[PDB]
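Engineer: Chain by chain, the residues:
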Amino acid sequence: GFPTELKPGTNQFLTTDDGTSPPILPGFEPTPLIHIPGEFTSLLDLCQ
Amino acid sequence: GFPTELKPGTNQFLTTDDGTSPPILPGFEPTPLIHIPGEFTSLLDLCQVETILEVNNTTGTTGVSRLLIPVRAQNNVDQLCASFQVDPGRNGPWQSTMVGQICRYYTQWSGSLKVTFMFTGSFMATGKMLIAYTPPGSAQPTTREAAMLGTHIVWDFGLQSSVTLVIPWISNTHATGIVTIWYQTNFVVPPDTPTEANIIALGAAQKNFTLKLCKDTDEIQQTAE
Amino acid sequence: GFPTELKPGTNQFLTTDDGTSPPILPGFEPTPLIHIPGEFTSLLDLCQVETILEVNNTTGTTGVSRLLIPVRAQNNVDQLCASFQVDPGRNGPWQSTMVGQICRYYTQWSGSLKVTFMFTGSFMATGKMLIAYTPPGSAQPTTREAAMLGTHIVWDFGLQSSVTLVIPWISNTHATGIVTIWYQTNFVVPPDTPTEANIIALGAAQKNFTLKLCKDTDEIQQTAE
Amino acid sequence: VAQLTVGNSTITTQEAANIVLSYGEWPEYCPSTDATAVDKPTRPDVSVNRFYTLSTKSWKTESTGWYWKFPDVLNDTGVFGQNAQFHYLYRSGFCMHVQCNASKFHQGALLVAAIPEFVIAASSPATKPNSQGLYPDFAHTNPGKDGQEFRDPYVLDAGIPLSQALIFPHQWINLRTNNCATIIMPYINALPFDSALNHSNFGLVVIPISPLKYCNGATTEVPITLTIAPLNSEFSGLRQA
Amino acid sequence: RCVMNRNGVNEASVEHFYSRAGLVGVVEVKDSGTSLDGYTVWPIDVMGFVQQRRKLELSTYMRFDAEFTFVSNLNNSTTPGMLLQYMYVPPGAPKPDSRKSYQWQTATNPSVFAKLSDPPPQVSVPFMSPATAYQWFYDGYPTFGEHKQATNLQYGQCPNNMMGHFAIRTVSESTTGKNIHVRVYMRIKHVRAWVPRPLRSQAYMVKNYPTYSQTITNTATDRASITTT
Amino acid sequence: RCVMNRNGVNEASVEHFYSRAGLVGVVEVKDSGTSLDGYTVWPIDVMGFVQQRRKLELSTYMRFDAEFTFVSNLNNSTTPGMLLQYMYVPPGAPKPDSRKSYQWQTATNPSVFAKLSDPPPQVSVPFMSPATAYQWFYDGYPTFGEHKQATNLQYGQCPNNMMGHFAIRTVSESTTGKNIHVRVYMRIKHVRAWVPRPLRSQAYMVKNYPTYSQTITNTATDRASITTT
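Residue numbers (the entry's author numbering), protein chains in the order written: chain C, 1 to 48; chain C', 1 to 174, 188 to 238; chain C'', 1 to 174, 188 to 238; chain B, 13 to 253; chain A, 63 to 291; chain A', 63 to 291. A prime marks a further copy of an entry chain.
These are calculated hints, taken from the structure and not from any lab test. Accuracy of the hints is not assured; some may be wrong.
[Stated by the list, open to error] DSSO-like cross-link-like pairs, simulated, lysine-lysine; straight-line CA separation at most 30 Å:
(1) A'/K162 to A'/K240
(2) B/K157 to B/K72
(3) A'/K251 to A/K157
(4) A'/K92 to A'/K157
(5) A'/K251 to A/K92
(6) C''/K228 to A/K251
(7) C'/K228 to C'/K114
(8) A'/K269 to C''/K228
(9) C''/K114 to C''/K7
(10) A'/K269 to A'/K157
(11) B/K157 to C'/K128
(12) C''/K228 to A'/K251
(13) C'/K228 to A/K157
[As the list claims (entries may be wrong)] Okay, the calculated bits of chain B under chain A, using three or more residues with CB under 8 Å as the criterion:
(14) 162 to 169
(15) 176 to 183
(16) 233 to 241
[What the hints assert, rightly or not] To give a feel for the contact side, a few chain A residues facing chain A', derived at Cβ under 8 Å:
(17) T170
(18) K177
(19) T238
Idealized CB from N, CA, C, for every residue including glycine.
With the hints as constraints, model all of the structure from the sequences given.
Structural biologist: Put into structure tokens, the structure is as follows:
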């Protein structure tokens, strides 16, 4: 097949890597997101 | 070669992953697909089919008699003829329905249900029944008047032998509404005609009914088959 | 490197996967392909070639005599000369055909077959045979008349020495039609000419004939070769 | 009320034709396949596609119901029976008209449903190893033109609940509002043609949900008449026998 | 308590209702003790378990391709480097009868060689029926002739549902003394269903037949009265 | 019973008729007991088994590239990390005669190093004939001169069909005491065939020769009479 070569760092689990995992429940539609007042997106807004 | 890096989750078998497997028989042409009538592509289309409610699911009632709501000449009026909760997924009269059995294959469901009542007395029989629906969170009415004060249908089966009651919403996740049938009037008959009849209740879902989170049903049990 | 994830089916050898392997001899230029007459690209083209049916596959008949349908001066007319089922893939007269042997290499096949009959008597010999084909699901005719009432060919081998009978469909998956030959007339000959002759039956497939699901044949057996 | 005349058969039925079309599909002739491109299957006219009125069943107070396997219900009946007995392949739709003759003083309700591949089940007292009690006899799987009375109508004699039989093309006969049920069933099979004698494409059940009731003096049995009309019937591979 | 919103319409589709590869057979390649077989032949049965049988019998006709996955291991769950041969024996082909039978070499039998240490081997079996769809209900007789046999078996048994066998063996020369448990997982793909049916209410008594016990079980649980809730 | 539809025309193509890599040789690298060879040389033979021989002899001339796959393991089917060398010895090159022969180092012999633990090594051998196609039937003598030899061997033996050898060995220094079974699977690719022939009817007696027994076997099974069915 397509020639590849495993580099150092394969099979490692980083615990901070923003990897992509397969969903255990494909096709599962989560509860649609309705508007909730008071959303905060930055802790700096709380520090202020 | 092309530099890759195996991530966590390699070599795992998920049993729900929509992976791509190689065909064991490449070049094998399956039997060409011809048109067959009656293809169904959604279980909701089956939930929307009226099926008989086993309202008379009482002890001692056997066979087809469980599908009939007995209506007879009452010595007292305003009596409760029959009652049943509007809960397709739970044990009870709705187990005998297609919607009630399909809800068993799912975890959550919500939507409006319809309940059709067929009077099967003689053409000469006449009278009125009060089909009352009590919303969830309220106990079933104790008197015909309390039922009349809520959502209800005064069903004159002398005029129309069939009536439909639309339940606005159920939403049984992983209380419930109650439908009650009251003798609004006595069972009126001329001479030489049976004074007892039956009502056939048929339950189904509306088009806003939806299911969620497929779950293996408990209606069947694996044994030494 | 490039993030990958090994899925189920890695490291497996399928024996039917049309994979890509590296050539052991890169740069090796094979002998250039020159034109050779007689290239065949489909086994159906071989199935459509008429080959002799071993209709006389009877006990005691040996060698080439098995390929001949003996026709002689009969003491009784309307007698059955010979019969054989139209089943290329099964044991019997069709084993000696190319179509019958190729069907052994497959699991399912369907299509129309043709069966040619060659009369090999003297030029002075004359008479009529009734080539009747009985569709699948019907027993072979017991009398020449019952055969005449179905699909048949009154073959006057005094006029034409060859006749073709097209079998409309066979479709042997993993009953069958029957071809019967009846003495319509006696075997008529002038003096000093042989009163016995032979019919050579040749079977083949038509262009609508198709095969399916390659399967190792059972006509050969591996032993201490 | 009108008089439908098909061929030499005439039935008395009411107008407005409140007919149930099974799966919204009309019975149609199969488009010429490769197997049919060579033999051109026989499409008989109103000679075969006529009205066949079977013997009337007597609906009584204790009747459990009846069913007819339909390629089989006409296998020994007239020219349709002839074409079915003497052809290898068969394909047809059906118009089924179930009629009751009840007074306004009779009461009861029938569920008339057409069940494709109505596989009849045997009801065994206990699981015995591959015994006769595990399979229905031919008299039950192919009851012929006389139909078969249900043994356990609650489970349709097939282990499936009767209450859900309405998932099939069905029609109610509630004696107080109507006494006729008309179901039109197209040819439904995993094959374009099939054996009329071996395979029964569907069964038509007529089951009393509400039992028949009447007071003393009325006719103690309501006649149930079944009229069958093959629609777009085709046949192939004619035999002689 | 109440969900005033509507769920998704896709989770109720037939394709999704039959998704999610599930266990369809648990075969054991016995090669120790009193059974030195070293192989086993599993006839592909979509209805081995009553749950999947009831789900499939919701429809009369079904057409689908199937993805099979073989989760194999020893009794102690270990997966050593034992080489296994998962041979798919298509319908109409003869199955093996021994560890070293000639049928294991038949090239027309698609075979998968994989070690226990490898990820579970996975293959796609196409729609294998001579008909245009599988039949979970066949109101008829596959034979030809009159069917007055005393024990009326062969009734209702559709021959077109045969999907083949999965013959599994170690590639050993003699007995290995280790039993291998193979869990066959099958995923229904591109499923199309016709003629919905009532879901089976009576307990299944035997396989291949809709036979039910003489003691009918009510579809609905009992109440005290028709007026109690 | 009957299939009124037509199947696919592609399943009957010559390319598909010769597809599906099949077992063409089972060699054993003996390195224990009385045979401490540690190597084996397998002459590439497309006609090792009478099934494939009969399938190939359907045609007179065939031209194809071949994909070889080596399924190797021990007698107990285990695949330890033993390093094997699959050396392809092209036609005209000398083969090894010992475990540590100098021919194992010949760079012009394409060699594949793979451990038993690895997936089966797989290589593509191109069309290796001096002619434009292989000949399964060669009505002639490869020698030059008059051919009145008493035992008339060399008749019908085409020299252009030589595809080479596959010399397989462990990369050990001495005997390992373990026998390795190598199953050679060969896939015919880009096959083109010429001059179709009757399929062999008589049992094969020997390899490389069409010799048949004196007891001729009828092509068709016998009947009672010419009128019975």
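Engineer: Work down the list of hints and note, for each, if the structure agrees.
Structural biologist: How the hints compare with the structure:
1. The straight-line distance between the Cα atoms of A'/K162 and A'/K240 is roughly 17 Å, inside the 30 Å bound, and the hint therefore holds.
2. A distance of roughly 20 Å separates the Cα atoms of B/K157 and B/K72; the hinted pair therefore holds under the 30 Å criterion.
3. Taking the CA atoms of A'/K251 and A/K157, the gap is near 28 Å; set against the 30 Å cutoff, the hint holds.
4. Taking the CA atoms of A'/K92 and A'/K157, the gap is near 17 Å; set against the 30 Å cutoff, the hint holds.
5. Distance hint between A'/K251 and A/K92 is unfulfilled; the C-alpha atoms sit about 38 Å from each other, more than 30 Å.
6. Simply put, C''/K228 and A/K251 have alpha-carbon atoms about 26 Å apart, close enough for the 30 Å limit, and the pair holds.
7. At roughly 24 Å between alpha-carbon atoms, C'/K228 and C'/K114 fall within 30 Å of each other, so this suggested pair holds.
8. At most 30 Å may separate the alpha-carbon atoms for a hinted pair to count; A'/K269 and C''/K228 meet this at roughly 24 Å.
9. Taking the CA atoms of C''/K114 and C''/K7, the gap is about 51 Å. The hint is violated against a cut of 30 Å.
10. Taken as a hint, the A'/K269 and A'/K157 pair is honoured in the structure, with Cα atoms around 22 Å apart against an allowance of 30 Å.
11. In summary, the hint linking B/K157 to C'/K128 is not supported, as the alpha carbons are separated by about 43 Å, beyond the 30 Å threshold.
12. Only pairs whose Cα atoms come within 30 Å are accepted, and C''/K228 paired with A'/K251 is accepted, the gap being roughly 19 Å.
13. Restraint check for C'/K228 and A/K157: the C-alpha separation of about 36 Å exceeds 30 Å, so the hint is violated.
14. Three residues within the 8 Å Cβ limit are the bar, and the stretch 162 to 169 of chain B against chain A gives 4, so the coverage statement holds.
15. Counting residues of the stretch 176 to 183 of chain B whose CB lies closer than 8 Å to any CB of chain A gives 4, which reaches the minimum of 3, so the coverage claim holds.
16. Check result for the stretch 233 to 241 of chain B against chain A: violated, 0 residues qualifying (beta carbon to beta carbon below 8 Å, three or more required).
17. With a cut of 8 Å, the hint placing A/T170 at the interface with chain A' holds, because the nearest CB-to-CB distance is about 6 Å.
18. Among the interface hints, the one on A/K177 holds; its C-beta lies about 6 Å from the nearest C-beta in chain A', closer than the 8 Å criterion.
19. Contact between A/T238 and chain A', as hinted, is supported at the beta carbon level, the nearest pair being about 6 Å apart and thus within 8 Å.
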